[PDB]
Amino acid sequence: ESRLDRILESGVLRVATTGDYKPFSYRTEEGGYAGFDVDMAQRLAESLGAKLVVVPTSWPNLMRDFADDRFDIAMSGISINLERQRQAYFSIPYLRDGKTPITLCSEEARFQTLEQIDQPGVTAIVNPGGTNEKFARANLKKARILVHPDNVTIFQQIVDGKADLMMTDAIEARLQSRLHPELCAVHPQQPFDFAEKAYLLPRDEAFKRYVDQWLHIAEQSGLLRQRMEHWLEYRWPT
């Protein structure tokens, strides 16, 4: 009665992914998938003699989808947080990060501190339902919060002047500062908070143990560092 045994008997691993967060997970117009976490899902599946079955989900529906048992694991640039820990498990962490501003490079100097960001005529854009929204709501008393449903296009909103900044994971701020030359990542090396990425798991001890063992070896063998570099350098569209 571990889903580790179910997966091993099945030969199927159901991996949920949002498809909306480069460099971790991106759903093409074709209807396939790329990125570091999709790449890693194929690896986890293989290690189990299993076929990778990609289950679409979204930031707003992640925990509903989780509660409903639509998937065995979620692999999608997911931050660890305690709200999520209330219901699910996380794997050991594969990345350390934190929220930081991305804004027009000209504006950069305005938005160094949350003191400067949280002001009556400032508009911070966020995608709904995840840690970006949570951070914005927890920390902005005075700035307006513009909820934009499509995270793939959220950075174009900043370019197009529809909002002054977004606070998002610094890895996403660094990459999008490359995909949209107008945008700058603000002190990505000194984020406003601490958070880790990990894989979202059922409350299942044996399956967490297997996943963590697989991830620890991927990490210590350097295979993890190398696939991330590959996906950071990859030719993402905009």
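Numbering follows the first chain given and starts at 1. Throughout, rigid core stands for the largest set of C-alpha atoms superposing within 1.5 Å between the two forms. What changes on going to the form deposited in another entry:
For the set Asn81, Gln87, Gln157, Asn139, a Cα shift of at least 2 angstroms between these two forms, after rigid core superposition, holds for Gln157 and for no other residue. Core-superposed comparison between these two forms: the C-alpha position of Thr100 differs by less than 2 Å.
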The other form holds:
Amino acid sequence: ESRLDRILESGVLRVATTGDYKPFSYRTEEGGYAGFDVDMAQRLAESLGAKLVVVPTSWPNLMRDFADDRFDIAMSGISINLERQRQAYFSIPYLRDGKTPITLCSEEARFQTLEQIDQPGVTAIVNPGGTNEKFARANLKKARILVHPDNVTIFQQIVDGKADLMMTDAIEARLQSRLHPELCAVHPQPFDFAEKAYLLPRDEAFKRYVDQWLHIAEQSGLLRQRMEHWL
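Okay, that's the form deposited in one PDB entry, but what's the structure of the form deposited in another entry?
The following holds one chain only.
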């Protein structure tokens, strides 16, 4: 009936992950994968008596890969949103997040609200083809949106004065502000709300299983332990 049965029979759990989003999912020096969600993936696979098989995907290709049935579950710092919910399921959430500006610490007071940010003289930098760009284009009608394809240098462009800010996952803003003390994550009284969860096929029994596993992890304190370790 269900993918749950298929996974139990094959002894393989195919987990898609991007490897481009520390602390959730990133590449080891040896070319392997590591991170909070890789850790969780190992635990889910083990609960199913299954080998963990990591399937590479990317943000632009995530939903195409989903439709093509390239994986059983995607675990990679993925936000729940209604566009994705059109085609897929999500597990129960494991983290509260949301987009938020990262900007020069010296300019923090200037960029608290969309109204302050959405001005002709402002430049918001974004990476191409993902939810960051969608969020910028949906919420900025006046500010310049600068699309920057090289994610290795994107935050550096803010420091270098090519852009005023980027609006990205709060967890990313926070981490980058550590990598670049020059930068600060804006933190109003919240800027946007979202949750992280695991992307699932439209499969009732498999979702019930994944949710039960994640719920036990959450209530037992295991989830918090791993979050304290990684995040």
